[PDB]
Amino acid sequence: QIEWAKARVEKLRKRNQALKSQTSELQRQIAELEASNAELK
Amino acid sequence: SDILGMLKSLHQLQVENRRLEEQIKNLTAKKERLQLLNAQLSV
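In the order they appear, the protein sequences are chains D and X. Numbering of the first sequence is given in the numbering used here, commencing with residue 1 and proceeding in unit increments. Numbering of the second sequence is given in the numbering used here, commencing with residue 42 and proceeding in unit increments.
If you're looking for bench data, these hints aren't it; they were derived computationally from the structure. Mixed in with the good hints there might be a few duds.
Below, computed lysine-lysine pairings styled on DSS-like, alpha-carbon distance capped at 25 Å [stated by the list, open to error]:
hint : chain 1 : residue 1 : chain 2 : residue 2
1    : X       : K49       : D       : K14
2    : X       : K66       : D       : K11
3    : X       : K66       : D       : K14
4    : D       : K11       : X       : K49
5    : X       : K66       : D       : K6
6    : D       : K20       : X       : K71
7    : D       : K41       : X       : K71
8    : D       : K41       : X       : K72
9    : X       : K72       : D       : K6
10   : X       : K71       : D       : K6
11   : D       : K20       : D       : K6
12   : X       : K66       : D       : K20
Using the sequences plus the hints, can you model the full thing?
Structure below.
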C-alpha cells in the first residue's frame, strides 16, 4: 500500500527530528558544563 | 514496485535513525563525564 509506505516514512521522519532536537539540547548542556568547568578551573 | 521510491526514502531514514541514536549515546556518556568533573571542582 502506498499509504502504508508513506506513513512509515512520515513516522520515522518525525522520530529522527525528535532525535536531532534531543541532540541539540544535549549539545547545549555539554556547552554549559564545559564553560562552568573552565570557569571553576 | 509502486512503492520503490518511498521504500528507498525509508531506507535512508533508517540508516540516519541508527546514527542519531548512537550519537546521542556518545553525548550522554560525555555529559556524564563532564558532570563528574563539574562536581569535583564544585563541592
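Hint by hint, here is what the structure shows:
1. Between the alpha carbons of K49 (chain X) and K14 (chain D) the distance comes to roughly 17 Å, so the proposed pair stays at or under 25 Å and holds.
2. Restraint check for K66 (chain X) and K11 (chain D): the C-alpha separation of about 22 Å stays at or below 25 Å, so the hint holds.
3. Proposed proximity of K66 (chain X) and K14 (chain D) is supported: the alpha carbons are some 19 Å apart, at most 25 Å.
4. With a C-alpha separation of about 15 Å, the suggested pair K11 (chain D) and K49 (chain X) falls inside the 25 Å cut-off, and the hint holds.
5. Simply put, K66 (chain X) and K6 (chain D) have alpha-carbon atoms about 29 Å apart, too far for the 25 Å limit, and the pair is violated.
6. Of the supplied pair hints, the one linking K20 (chain D) and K71 (chain X) holds, its CA atoms being roughly 17 Å apart against a limit of 25 Å.
7. Proposed proximity of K41 (chain D) and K71 (chain X) is supported: the alpha carbons are some 18 Å apart, at most 25 Å.
8. A hinted pair counts as satisfied when its Cα atoms are at most 25 Å apart, and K41 (chain D) with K72 (chain X) qualifies at roughly 18 Å.
9. As the CA atoms of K72 (chain X) and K6 (chain D) are separated by approximately 36 Å, the hinted pair breaks the 25 Å bound.
10. A distance of roughly 36 Å separates the Cα atoms of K71 (chain X) and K6 (chain D); the hinted pair therefore is violated under the 25 Å criterion.
11. A hinted pair counts as satisfied when its Cα atoms are at most 25 Å apart, and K20 (chain D) with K6 (chain D) qualifies at roughly 21 Å.
12. A distance of roughly 13 Å separates the Cα atoms of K66 (chain X) and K20 (chain D); the hinted pair therefore holds under the 25 Å criterion.
In summary, the structure is inconsistent with hints 5, 9 and 10 from the numbered list given earlier, while agreeing with the others.
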